[PDB]
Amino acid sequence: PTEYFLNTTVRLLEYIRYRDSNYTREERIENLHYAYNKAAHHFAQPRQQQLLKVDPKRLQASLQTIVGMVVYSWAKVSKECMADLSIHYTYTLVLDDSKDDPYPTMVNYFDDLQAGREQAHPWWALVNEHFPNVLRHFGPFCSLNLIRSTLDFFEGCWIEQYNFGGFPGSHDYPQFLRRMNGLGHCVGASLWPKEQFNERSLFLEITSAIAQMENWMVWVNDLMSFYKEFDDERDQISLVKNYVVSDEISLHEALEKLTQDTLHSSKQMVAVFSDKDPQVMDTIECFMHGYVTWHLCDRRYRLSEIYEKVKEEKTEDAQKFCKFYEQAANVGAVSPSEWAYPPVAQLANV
């Protein structure tokens, strides 16, 4: 139940320069509804309904979490881009919760790919059919990064079905797996629509952003999700839990490792991009702030529970913490009834 959480969390928000933006609640609601609306109509189509084996309620919940993530973190991209990216990252989230073994549907993966025949695995059939809607927003380089990261993600989920935290002594396993299913290069590259940035003119800054954003994004997600995990835990295989199993250390030491990487990653993110192309730094900063805001506001992470047990407290953290938490709520706390409607199932049935 550690409270160290707030120390690092505050340091984290300070390190990244967490502060208010020109992104209004009105604007968030506009984007949220637009993104949600296009995605919802997409997943409501009969073909999508047929091949995507997901419980409607879970699909509904996954779509809402994803749309929020995208709209709040990819603050600078067009509405359309937010929408298409929401569809793609909802597909990935849906695969993350699947238990259907991939082996039999991957036996002829390459030959079908090379031949142009539809993939046997239904998820691939849908994701690859839809991919162009995401890729049209980017140059060839960024596109390749999205394609690779998604392919990596697929392998990641395959490995995760084994629920394996690595052999004791296999120090390289934890991060190998985390990067495998982190979508780090997918996220990092999707931050640069060709409509706003020139892939060739900013090749060096984009490549660097992908390399650095990969670890920040996943580590920050691991840090935020830690609360919501040792609490209610079906036996998971998180980066932290794998550090324990593989590196043979205590859950505390593992969490300390994560925080040191997370803070150092943040510090370096600023050091490198502060004095670079201002448009770049803006996208990078908005993603970091948006990404944190999203974690604080989405109930899935139950960070709200942390809020209460600390408001009527008084320290150099719990104080700074709420000051931030409150800030997030002012722009991030939005009732789903204001944007997420009608439900996907309703559009599917119609």
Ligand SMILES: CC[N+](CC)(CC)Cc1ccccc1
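Residue numbers count along the first chain shown, from 1. If you superpose the two forms and keep the largest set of C-alpha atoms that fall within 1.5 Å, you have the rigid core. First, how it differs from the form deposited with the ligand bound.
Core superposition between the two forms leaves every listed residue (306, 286, 54, 69) with a C-alpha shift below 2 angstroms except 306. When two forms of a protein are overlaid on their rigid core, residues whose CA moves 2 Å or more are considered shifted, and residue 323 is one of them between the two forms.
Remark: with the core as the superposition reference, the CA shift of residue 228 between the two forms reaches 2 Å or more.
Taking 2 Å as the criterion, residue 14 counts as shifted between the two forms: its C-alpha moves by at least this amount when the rigid core is aligned.
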Second form
Protein chains: 2
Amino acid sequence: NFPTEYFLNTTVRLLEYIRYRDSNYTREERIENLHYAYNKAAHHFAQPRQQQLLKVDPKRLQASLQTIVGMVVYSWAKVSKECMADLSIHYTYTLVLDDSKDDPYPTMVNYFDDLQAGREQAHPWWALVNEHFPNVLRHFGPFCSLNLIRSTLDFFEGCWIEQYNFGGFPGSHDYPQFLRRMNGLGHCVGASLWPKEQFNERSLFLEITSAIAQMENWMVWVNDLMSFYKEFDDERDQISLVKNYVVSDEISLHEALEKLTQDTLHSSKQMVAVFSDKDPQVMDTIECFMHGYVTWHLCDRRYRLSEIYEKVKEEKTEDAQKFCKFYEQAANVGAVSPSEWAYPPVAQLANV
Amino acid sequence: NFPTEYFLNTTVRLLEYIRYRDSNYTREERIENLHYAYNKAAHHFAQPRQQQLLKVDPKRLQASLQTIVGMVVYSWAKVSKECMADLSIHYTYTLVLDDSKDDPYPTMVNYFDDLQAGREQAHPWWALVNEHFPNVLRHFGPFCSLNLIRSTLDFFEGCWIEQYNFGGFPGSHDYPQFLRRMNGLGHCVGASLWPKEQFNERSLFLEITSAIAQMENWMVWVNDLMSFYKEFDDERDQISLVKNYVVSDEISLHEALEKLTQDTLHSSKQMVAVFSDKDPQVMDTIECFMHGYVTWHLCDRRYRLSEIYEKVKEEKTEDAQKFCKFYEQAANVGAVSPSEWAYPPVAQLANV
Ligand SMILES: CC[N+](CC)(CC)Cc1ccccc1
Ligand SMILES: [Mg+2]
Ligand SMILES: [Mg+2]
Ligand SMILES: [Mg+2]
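Next, give the form deposited with the ligand bound, keeping in mind that what was shown is the form solved without the ligand.
Below is the whole assembly, all chains and molecules, this chain first.
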């Protein structure tokens, strides 16, 4: 019984308030990048070693690779082409784990010993991610790298904790954000926004650190919101910030939703206050990520918000009128045919 | 300036909530443990490798190791002697890194590659800490270990950031929590309260995870609260959670203090509220930690809370007397002369 209606009352405030307006790229640029990124990642995930260690249903690997290339490209609009590709590999790995089961425990028992000795991790995921990492890290200075590493690590714990579908003992007010922060790849996204070929870690240490701290919550709440739909009646997505707010904080799915919104709205207000007068170049990237990020949410299959445009394309509310007005802008700019960039299929590359 | 009355009220409330009371920890036992831990550690830090790779003025090392042994022994009341010893070494390392003013950049440049390769780290602090870690992790299961490994890493970055003496951009509301969390060592503390020889993560996963989640905030805010007296006039330490709230949030020092207190009390309440009915054995570890922690704050000279007792030992106010009650209780069990356990000095062990 997805609340609907109210969903719009939320989405609209956010979009209207952040003055949603994806302006980055040109149809003739957007595709150049979608294809470049998809091409490298797909060639990578098609190798035998990757194919044999990453346990993923071919179909899901493909859908994920596409949702990721879409995310990297639409949000990291100011980084190099190579950078998007390598980021797309790293984020495609994390998405595989985010949607998977399997118990880590058995393989994580000698984690730190194998680490300190230089011995491939028992867990296949760690074995492939740690092997690939260097191709992501080369694009960054040391500090931003630490952030990427830590975050990827935290995210690993989060997925683990998530495998107990636990929303927290009622009255464990802290639990909710504790868990969301742990699996939101906050510091990983925020730091990967600053390639060294384009930024000087030491010269912009303060702005970059501030961006990591602030963007962590914006980035995650916006997703907690936009994807409230697709994560509604799905297992594994059963445990979400909103849903755990209810359990742990003891309130109604209606209030928890208002909570997430009042927050998201504030994060947004402070992003601007803080980064407006600062280095134009920084603002530009934050700006592009924020708009591009929303464009992707209103366009990728994963979040399937189409099943809402075509479910309210009728209800003439001053609310669902704005929602649809927005959804339109989005697809208009970011709705592309996979037939123009996502090819050939990863599988087809694998059996060669 | 200085809310002597307001502080007292908040302190008594916090002590009340957590039920600050009579431990079953006998003063003769406290001394057994204080000496055991101090001894293994002093012998460790007196090793030559340690002696030449750890840059710390001998007197501060001596003092630091002592403050730590006290903190551990008085708070990890239910763990074995070896456990207290090994945690005492790891926590002394961390505390010692704040004395370092050296830029992590040059040594962090090849962090990930040396790591993945199994080559000794460039930054000496890492070389020692990572080499000693097994000595600590062996006391815990895999889950709990991951947590320690992560916090220590987050800790390293926080030190890095703190080197910039930056309290946050005005309006960057998410910065103080971000930073305090970065170097709070929360998930480390929380996860180190459950040795595998006494608990089973698999069976108590949700209880443990939840503790980590709530303890992270409790432990850091309670420390920020007790430290609020010594740091009040400390022009040296410019960036403290509260002082950052002042700058980042743009509020009066008093308003920020008001913020900490609310979070601290509320955090305390929810602690009990959530763990009273839970496994008895677990609530004991929690219940005891909170008490010794406070006992330690009340007893370690570094916080100079005795200066307060010396200024309200006669007022006939309910708060003022309640305070003294608790203090004399703590002094009763905790006030122990260093001569009784901390010997011989590390310096003397080093020449031998
Ligand atoms: C990158 C962070 N994200 C983006 C939608 C929001 C918290 C979740 C995510 C996790 C794992 C793979 C892809 C996306
Ligand atoms: Mg996830
Ligand atoms: Mg998910
Ligand atoms: Mg979500």
